[PDB]
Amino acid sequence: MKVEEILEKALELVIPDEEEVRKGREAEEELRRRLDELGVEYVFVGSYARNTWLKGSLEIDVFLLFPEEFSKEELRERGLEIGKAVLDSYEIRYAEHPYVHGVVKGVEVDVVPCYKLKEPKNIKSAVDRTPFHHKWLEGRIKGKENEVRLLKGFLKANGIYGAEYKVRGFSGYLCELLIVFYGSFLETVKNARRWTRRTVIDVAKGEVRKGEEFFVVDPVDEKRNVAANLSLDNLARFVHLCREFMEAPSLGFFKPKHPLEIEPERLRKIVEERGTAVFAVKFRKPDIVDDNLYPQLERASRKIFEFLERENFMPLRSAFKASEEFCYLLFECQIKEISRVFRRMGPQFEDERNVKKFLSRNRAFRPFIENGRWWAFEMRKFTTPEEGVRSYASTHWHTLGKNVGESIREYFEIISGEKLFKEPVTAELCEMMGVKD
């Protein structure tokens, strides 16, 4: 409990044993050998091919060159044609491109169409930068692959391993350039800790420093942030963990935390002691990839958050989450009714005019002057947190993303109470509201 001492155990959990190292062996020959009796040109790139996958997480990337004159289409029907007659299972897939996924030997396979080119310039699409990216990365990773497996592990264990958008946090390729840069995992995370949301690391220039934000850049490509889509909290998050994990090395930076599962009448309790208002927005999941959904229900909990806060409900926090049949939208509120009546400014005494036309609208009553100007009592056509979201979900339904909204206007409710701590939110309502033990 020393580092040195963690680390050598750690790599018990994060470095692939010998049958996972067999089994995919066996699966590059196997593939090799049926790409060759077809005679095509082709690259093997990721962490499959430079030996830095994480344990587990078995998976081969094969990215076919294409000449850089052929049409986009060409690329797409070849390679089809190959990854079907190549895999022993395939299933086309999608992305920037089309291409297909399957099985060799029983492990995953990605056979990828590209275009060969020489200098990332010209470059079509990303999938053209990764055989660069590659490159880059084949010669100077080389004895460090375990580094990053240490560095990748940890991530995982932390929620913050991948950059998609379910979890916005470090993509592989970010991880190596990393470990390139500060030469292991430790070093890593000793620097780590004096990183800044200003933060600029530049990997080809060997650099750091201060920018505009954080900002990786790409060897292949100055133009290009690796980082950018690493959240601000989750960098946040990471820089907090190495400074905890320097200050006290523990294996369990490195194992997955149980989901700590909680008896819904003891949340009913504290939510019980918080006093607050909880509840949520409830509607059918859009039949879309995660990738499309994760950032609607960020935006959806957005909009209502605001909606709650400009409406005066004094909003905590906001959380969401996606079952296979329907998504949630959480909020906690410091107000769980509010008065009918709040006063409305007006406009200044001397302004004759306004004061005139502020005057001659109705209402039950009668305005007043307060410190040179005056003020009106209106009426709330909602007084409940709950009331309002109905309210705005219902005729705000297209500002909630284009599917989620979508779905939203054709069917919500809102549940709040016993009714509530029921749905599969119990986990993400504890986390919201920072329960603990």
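Positions refer to the first chain, counted from 1. Compared with the form deposited in another entry:
- Of the listed residues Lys210, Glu164, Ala126, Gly275, the one positioned at a hinge between rigid parts between these two forms is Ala126; the rest lie more than 12 positions from any hinge.
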Contents of the next structure:
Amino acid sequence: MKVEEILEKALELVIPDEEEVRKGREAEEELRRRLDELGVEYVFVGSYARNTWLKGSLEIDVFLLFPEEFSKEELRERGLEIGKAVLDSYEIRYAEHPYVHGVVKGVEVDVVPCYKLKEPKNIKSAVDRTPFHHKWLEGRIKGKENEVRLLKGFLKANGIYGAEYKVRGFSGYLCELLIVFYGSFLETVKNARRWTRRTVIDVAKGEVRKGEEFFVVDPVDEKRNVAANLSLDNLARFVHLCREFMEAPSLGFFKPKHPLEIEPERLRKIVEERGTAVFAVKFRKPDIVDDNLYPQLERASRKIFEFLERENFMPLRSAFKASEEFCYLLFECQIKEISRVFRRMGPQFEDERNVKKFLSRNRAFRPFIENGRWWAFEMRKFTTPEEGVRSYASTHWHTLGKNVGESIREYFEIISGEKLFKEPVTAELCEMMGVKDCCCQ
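With the form deposited in one PDB entry in hand, show me what the form deposited in another entry looks like.
Just the single chain follows, nothing else.
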């Protein structure tokens, strides 16, 4: 019931069992053999090399150390070559930096080429700091492995673990740095209660200061923010979570929640009670990696939200979902239907030439004078948010992300009501609307 006993039981959730450890060790042995046989230069890095990986998430990182002189294309060719040669099976899928993902003896492996630099200043490939991260952490993280695993488990259970665009949260490496800086999970959590959007953590200097934004200085590269891709809102969520946990510590904070199946009827009743327009833009998912797709979904949904705000539909929040074959951009608005008529501002009464020009247009209704200015009634070409978005997405597809917008150009549809509640978007609708009691465990 006290934190210490909570943390004891939480360890059972985050520490790999021996069987998984063994499986890891054997795959490592086979990998070393295959790599030694190739006469190639490599280093084991990341959480496997440092024993800071989470139970159930074993993945080995092998880095291939190439001459700095190699072209980016040579780095790609050789890296991919070696990767395919040493893995039992493999997939090649990446946004910018080339690497091979695959499996050795049932264990997942990233085989990543990088440049063998003397110093990680003026990095040549995106991943060149990673060998230096490992060397910096290796003799500083000893005996703190399980503190790292607690922080990772805590973050993961609360959906803010990982720096990738799909999460915009805390990387593993960031977790390790925090644990070195504060000494323990408990100390990190206690101090994070006092973090601000201006907090700078400089682990190499042993220092917390104030800057322009939240910045965790990489001890390997003073210019690098390790928390560069942690969103303001996810920072906010972690700070609030640390405050909640200290107030009432519970094993529940390490237990992930999953969305409940909600009947389309609970949904109908909820939307009816809210009195809002709830609708989605649906279109075929571009065949691109997550790290390209997610910022494009984010862009498309903002541009449309922004359209809905300037057209006076009073959008509340938006959300999105990428399924296997489709994407959905979700919106909720306060205004289900607006009037046809609106006001357009004309010139001041003194300005005769400009008043003429304003009055020259034929309208259904007479212009009028109000507070020394001419005004006119005009008519909208749409009166519902759905009609607005049909128009907007048809004509502004191009501004909705490179691949998302091109897909929307080819086909999109607007869905609402039970048709929507039948789409795989109920978790996102529930979160968007702040529906109580729709998640469990």
